[PDB]
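Single chain ahead, written as structure tokens, the form deposited in one PDB entry.
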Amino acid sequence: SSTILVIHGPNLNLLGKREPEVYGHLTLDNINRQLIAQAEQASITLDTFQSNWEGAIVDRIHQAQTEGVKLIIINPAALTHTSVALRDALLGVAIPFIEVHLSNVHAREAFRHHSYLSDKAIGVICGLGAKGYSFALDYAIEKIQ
């Protein structure tokens, strides 16, 4: 076993609401099951977390260090542009991470072009929807096994 932790930032729980025509058929829950199954197939243990509170996410990352997590896949969402605390949490624990965004962040408002995490991440994926998570997982698996 070699645990991988997936973290979802604020507002991701909004999943899929008013489904036709607001780019949300699938729900976070759907994304998590898919990921757990994908990890399940490669004999790797995988946990997922989400919260709208920054502190909750930071506490989770610390817990991850004590639990021997080898790699974090994180979609910080809004936090990417605002939280240095989150960056320090990932740096302080020294667990390698991949940053994931569903939507293309560079196609949005200018303040969305700045990240406190990207420069320290192994790699980033943006705009490929939920597949982005899958791709990150696939990479993370090769990296360990």
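Here, rigid core means the biggest group of C-alpha atoms that superpose within 1.5 Å across both forms. Residue numbers count along the first chain shown, from 1. Only residues modelled in both forms are compared. First, how it differs from the form deposited in another entry.
Once both forms are fitted on their core, the CA shift for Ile122 between these two forms remains under 2 Å. Core-aligned CA deviation for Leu14 between these two forms: less than 2 Å. Legend: core-fitted overlay between these two forms; highlighted is 17-24, the single run of at least 3 consecutive residues with CA shifts of 2 angstroms or more.
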Contents of the next structure:
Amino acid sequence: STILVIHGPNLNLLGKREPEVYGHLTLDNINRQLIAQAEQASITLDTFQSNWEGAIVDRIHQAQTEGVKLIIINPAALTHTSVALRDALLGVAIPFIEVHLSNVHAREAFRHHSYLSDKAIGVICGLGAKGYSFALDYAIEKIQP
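Could I have the structure of this protein in the form deposited in another entry, to go alongside the form deposited in one PDB entry above?
Just this one chain is shown here; partners and other molecules are left out.
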């Protein structure tokens, strides 16, 4: 696969978690849309989610070996805490775009700091699931001239 989409802890709860009090679409719905999008552009796209930081790190390591050209990542809570993730992405030297569903700057102060943002191509926050689709459009044109 040429692009890997990674989703961090708790994002498996989307739609499952508090629907109509705080839900509606799901991770599996987001994943299908992105694969379809990338399928329209003749590009293979993988996806991965985990609540375990080591699984994600491991997955990033595997990406180097598969020749993934770009990672689109929603590190979720790990954004704020995990230097291990940062050093995984820099260690494999695969460029990445960071995406958040919610506008992190409108939330608690600890959510305003990222161990990844300075090393990303760019960041999109607050635009919901559409944030991933934008990141993918960007990535497609970065690979195909």
